[PDB]
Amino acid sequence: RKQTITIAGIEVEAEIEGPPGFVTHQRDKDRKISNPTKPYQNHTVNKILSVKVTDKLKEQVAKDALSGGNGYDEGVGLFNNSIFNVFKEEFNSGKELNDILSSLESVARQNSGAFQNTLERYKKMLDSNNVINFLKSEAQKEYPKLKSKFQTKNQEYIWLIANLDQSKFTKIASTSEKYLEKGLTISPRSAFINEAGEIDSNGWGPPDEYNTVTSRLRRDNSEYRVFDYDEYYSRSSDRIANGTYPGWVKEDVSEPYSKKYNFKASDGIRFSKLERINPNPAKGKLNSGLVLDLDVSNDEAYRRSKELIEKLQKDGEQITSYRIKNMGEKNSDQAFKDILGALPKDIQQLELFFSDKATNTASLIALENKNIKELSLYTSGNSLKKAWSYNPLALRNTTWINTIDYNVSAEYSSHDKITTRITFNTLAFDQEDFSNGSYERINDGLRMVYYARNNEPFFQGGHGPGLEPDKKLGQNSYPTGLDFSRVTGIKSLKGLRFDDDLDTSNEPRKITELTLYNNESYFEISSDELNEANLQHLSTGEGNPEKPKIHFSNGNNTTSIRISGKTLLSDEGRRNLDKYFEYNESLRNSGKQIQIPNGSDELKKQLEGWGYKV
């Protein structure tokens, strides 16, 4: 304990602390609901509690923020970024002081987007104030006779920044000292100057040896991928499309297999083989493998499908992976439980490219006893769309799920197909899960993605892992909604459990969207409303302005909530009864409730019992 580490090329004494261990209970192992082999761990490298800072280091953090350091930011630092080098180059040409116009023609026009955000790095100090005149190189004899001569503020700012004095700026500001005492350097790519002539930033970073997300990706790309690679990088959207990996070369080898399996060139079947650029002499990882595509929306590869995947066993063959491309792109109901069930007992990779137009996750993989699991749930479209859902039990014994190849961002043009992993944010249980009218199996899956596996980066979605993902799981993201639109028995949240074993040390989970099975113009709920859960449904609530959503499979059932049985409703019964309108955009037409003609009719605001549509 109390070792020394080089934070910024300079050795400093630090409170480096042990990385947490993910405690896996025997209930997780005995219910078959842990990750199946070598439990995944999020923080592969240490946190820093504090660095005992010294002037020798906080000086270098300024020299780095000014110069661009000597790493990834070495070219967008505060006094050698791209815009500042276009001015400092032109100002060294011999032209008279009127030449600021030639830099004005370089801050509008095609450069207009790049100057406005790079100017703002200085403009938080460079504005009209008495303090700036100390921070020019030697121009104290050139500024106060020139203020009235610039033809616009967009000239005067350029003549400012081209003549700031680098050796004056060696001072870190207060907020970026506390982040350095926590062990983080300023990132030169976002450093900016404040009014007192001192440096802070919109962004920081740890030293790379202690960088959690870079060390997680540098491990997961090395072990879990089947086709491993050494970098922290995501795959590019076109490497996702072309079935190709960093450090691997892909051969199409289809035509020799076409001689054996009678598929013609147009059919939407290809074989490819991946081999490494350098083979690895070690045991236990592939030096080559096969990827078979099945472009199922071509039709020919959907007729020639189930028989093919099994022919590719009985020929005496050992395929590493499959690319079920364009699932549903030509007709939305397209069935797959037979084809996706046809696979071996061990699978290394699956690329399932779902259609955005289908949104149809038929992926009940039916417990293929292990996947070494480059199980990737990719799409050719809007991968954040709130209609995406997955069955959690369908992943039970897959060792990893692809959540590194996330590519979607604001850049891409309208007319080209991006490709990315899905941000799954809802769970879709299906009709065989609620087996004999008991919640036993749904409480394995609904504990799987909320506790037993909730330190893996896939069982998380649109908040990622939080602070200490292996020890305070209550802080992590989780899939924020339930879809029961395919399991006809479930009328409510009854018998579902959302805190595991130690209810103080992790937050009880909550949900935000709930879709329920329904078919007729009404929805009928009977008397489970006394034991149905309210406190599960409040939308990540701190006193939240927004509301949860409740939906139905048929989207138009306005008539009423219908109610049956002898039982008179308790205090909690009125609470749960209100939540079926309060959260229910399909049904906020005046709170109408049809109690059947039997029993007391004990309420004020409730209807007769007849329900025929006019």
Second form
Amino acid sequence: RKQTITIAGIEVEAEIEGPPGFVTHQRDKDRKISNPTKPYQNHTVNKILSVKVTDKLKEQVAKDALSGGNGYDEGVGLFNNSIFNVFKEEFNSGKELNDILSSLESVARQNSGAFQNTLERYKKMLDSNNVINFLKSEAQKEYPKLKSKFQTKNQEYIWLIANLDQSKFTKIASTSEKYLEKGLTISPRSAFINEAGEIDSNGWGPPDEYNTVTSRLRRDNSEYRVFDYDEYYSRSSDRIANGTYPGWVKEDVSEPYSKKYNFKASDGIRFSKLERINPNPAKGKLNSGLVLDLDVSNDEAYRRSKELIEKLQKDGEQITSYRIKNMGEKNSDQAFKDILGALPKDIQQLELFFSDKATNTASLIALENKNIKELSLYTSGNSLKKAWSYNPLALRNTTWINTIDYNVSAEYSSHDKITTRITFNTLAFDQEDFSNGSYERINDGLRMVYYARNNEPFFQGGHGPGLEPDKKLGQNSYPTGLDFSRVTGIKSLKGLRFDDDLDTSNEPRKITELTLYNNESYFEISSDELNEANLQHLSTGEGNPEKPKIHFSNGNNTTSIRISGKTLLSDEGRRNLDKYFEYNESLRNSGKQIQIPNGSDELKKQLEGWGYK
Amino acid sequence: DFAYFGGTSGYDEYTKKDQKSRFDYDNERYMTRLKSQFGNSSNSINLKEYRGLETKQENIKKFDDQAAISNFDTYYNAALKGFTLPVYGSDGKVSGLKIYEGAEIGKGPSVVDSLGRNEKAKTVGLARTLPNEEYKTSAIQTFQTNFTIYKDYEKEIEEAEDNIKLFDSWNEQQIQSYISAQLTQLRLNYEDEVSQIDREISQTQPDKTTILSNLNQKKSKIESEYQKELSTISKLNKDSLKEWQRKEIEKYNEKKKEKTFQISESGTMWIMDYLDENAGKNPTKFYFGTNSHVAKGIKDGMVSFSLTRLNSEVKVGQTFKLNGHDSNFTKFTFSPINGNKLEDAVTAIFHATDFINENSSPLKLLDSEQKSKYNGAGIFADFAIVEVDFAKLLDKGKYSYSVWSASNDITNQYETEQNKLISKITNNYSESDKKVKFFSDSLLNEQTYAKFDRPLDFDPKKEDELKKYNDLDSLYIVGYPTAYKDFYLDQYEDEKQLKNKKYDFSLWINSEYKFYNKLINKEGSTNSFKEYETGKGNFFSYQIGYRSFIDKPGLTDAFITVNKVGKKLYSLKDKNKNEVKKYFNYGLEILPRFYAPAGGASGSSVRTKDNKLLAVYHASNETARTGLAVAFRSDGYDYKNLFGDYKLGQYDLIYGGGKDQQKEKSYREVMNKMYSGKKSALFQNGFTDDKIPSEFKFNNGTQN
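For comparison with the form deposited without the partner chain, provide the form solved in complex with the partner chain.
The next block holds the full complex; its first chain is the one shown before.
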């Protein structure tokens, strides 16, 4: 312990710790609910607990925020950036002082979002406040007269930034000094000057050996991916659509196969070869791979896909990637269980491109040996729509689901196709997961996501990790929706567990949303409401303005909750009945109850259970 | 739920009542929401003469209610003879009974992108009601010249008091245009304790515009209202409109000479027929049913014509994207080449104008005194039949076609050979067996109406689902309204919702709003709705305002009830260089239950179960939550002299030969003169009068 590390060129003494290992339990192996081939770990690199800050270090961290340093934020520092450099070059021209007019024209024409974005980084100093004159170079003689002689506020305070002296700014602000004691240096892009003539920021970064995000993405792209690459970057939408990878080259080879298996180039079946540009002799695992492309929006490729997938198997030609494109694009009820079930028991890669006008992920691939560290769940539509679900049991013997290749931003054009991995906040169980009145297969599938594989990015849903994903599984995100629309016997959270069997080491999960099957205008329920699991449907937390949701597969539930059986409600029976009226809109509107003709009318608000509409 | 009925015990007696006694309950409630406003005050009859109000014992209404339920014809009795047709404003509509859905009554207009059953699509709104259609004129101004003549009568058919007191009073948006602009300059003046106030020159924004905003007040000779468009708390506060409308019309009539902007007439059609030269083998010349205010978009200045339609390949229970966003639609756009005109290939052939006007059968000779104003004006029903000749639209020497899908151009990858390309355009209506038929039964006879006469409620668990299955249905997966009022789109479905108004449309239906994303038959799922619920159409509306036949919910006679819609009666420009002519709405008409598709979907066929064409939808009222459809056929109706010499009239505007019909004013007898001796898909024995099938005759056949 108690070593030295470098953080700004400067060598510094620091307290350093190794990342806690993911503790797998032997019950996570014997239920086949842990990762099937290799235990994943999220924190690949060490932690900095404290850094001995010194005058020599914090003035180096000051000079980097002014210059940009020599890293990625070079050319966006306080006195070396695109707006500051365009203003200094005009002051360096031979013209008279009123060329300030042309600098203002360079903020009205096209650049109105680069100024009024860089301006803020000076503005807290730039508004005079009885301080600005001490940080104003030789222009301190001109300022007190010339202040009266400006035609617009911007034309004035442009003349402050273009005449500030960099040599005055060797002081760090009180908050940004404490992040430096945690070992995170001011980002030169996030640096601003506050009121007191001192450098502060809205952003701080570790040294790259201590970055948790890029070291994880590097490790995943270099060893979990088939068609691996040495970088940490996600693939572009054009790379994802064309099926191309850094350090690999693609050739179309469809002609021999089209001649063997009798298809036209228009029939929507393709074969392509990938080969690594520098081959790797040192381990025989993969240097080239045959890839099968099936555009199932075509009707020849859909008709023949199962036949072709089997003719390639009995001929013994080996496929490294199957790519199934436009699933559900033409017809949203289009089935795939017969096609996905015809694929080999042992597969290197599977890319599925689902249509978001279908959002039909109902096909299930559990009873296999292996997806060899690749399943890609992709769309060319809206990938963060609340109607995106997976069955958690459908991934049981998939080693890694692709969670990189995330390509969503506000800055894309509308009306072009962009491809990305799906964000899932829903777990959706299917009818074959509830055969004998047993709740066993669901509690396995539920804990798979919520604890047994939770340290992996895919099982975290759309919000990602906490501070320590491998240790404190409770502090991490999870899919907060449950859908039971396919599994008609479930009426409640009865028989469902939301904690790890343990308790003192982890948070218990809370769901925000619950979809239930219903078939009639009445929600029929037994007197199990005494023992529906109660506090487990409570959003993320207790104080929130927005309450959690209940939904039904029909929406016709504007007739009552029909309460059946003779047994009286308890105190938690009352509390559970409230939630179905509160959390479901089309029940909330009138609060209607039905008691079928037995018992006392222990409740005082209901109809006599007619069943007529 | 039951508050309109006085509770569950008061609803039970409404279920047991007949339609006459159901009406008397709803009409004494409709009349009190109505007489909260003081109503029609036109020419009136004295305390005698309620012998007409007793002549209603043969067919039932009430005379002083009828004078206000809407602009109805009532009575005029100074010589026991005449009609009064009203114009002194308009009257609103709702009905808190056709629904019972128990939550979202404001969604009583249909679902929008979803298919319930095969008789709705894979039969009706797919393959047959094929085209959402567009006609593009390369202009804008003919709406605005007439709307500014209307705005000029609004300006100056006005009292000298309001010539000030509607303009100089309602000037508060100019005051807001100052105090908002001032609040920018007020805040900009905060940090200028030493710095020179160059900004005082921009504070001429009050002063140099005060003289202009006061000279625009003083004259008020014809500029009789404020120059201002709209206002809100924040957005949409723009004010700039001009005044003196004949100078604004002089600007419009020169903007009309620049080919800069383009506008569309757009509506809906169904395929009804084709001319049969070649023993049915490979047809090229097709006839489409639509409505007359849509078919008048066929003008000589037209730059393009298009057909966008749901492809036959599609499956029931699916929910679509918008029409420009789903690849299950295809669009075919046609444009002229070498100075060929688009009317040389696309023609309005029948217009249903003045189709009663043989002697003694009309109604215009029955108007009391307002025939002084409504001189020369005729009668019509809003229905028209358009011919499209694809053998001279796919002729590459005269026109260029383009094929589109999901807003891609797909022309060079689509079908190319003409007989296959006409089959891919027309969803192969030639080689289909489910060709259209027309509803031959009288909807006014009691045994016909009883086939559509729904129970308000039933026991779904009991054995009498039989007799609820066996109801006749109204089907209307027809019409494509513009997507602007499509409320089923989520606030965060941005790409569908972005180009909301321009180029984009919905596949509107006649069904529960509850179906929207819920009918999807995913593998391993169970159906969430009972087979009786999705497996039907819907019915007639219990709206009081539009109804004429009181014991028949949703049946009306248009001239006694709905003779005019909006501000102005309907004009159609006649061919052969004749003048425009004005027409009142006339004929037997229907009120569909769940159908107020705003901003389009005029021309939408109402059908029944076995693909029988029943009525044509043309007007919407999204406050009534219903709208109006032209019946093709009428058995007539007799009022026992209640309305003087007036009668509903017996007619068929597809087959002709009805007792009051002009004998030259139906689809068959129009097509007989154009194509004498040839066959048709509806007329396989030819267009001659002896080849009407005996189902469509009248009086000698009383069952149809």
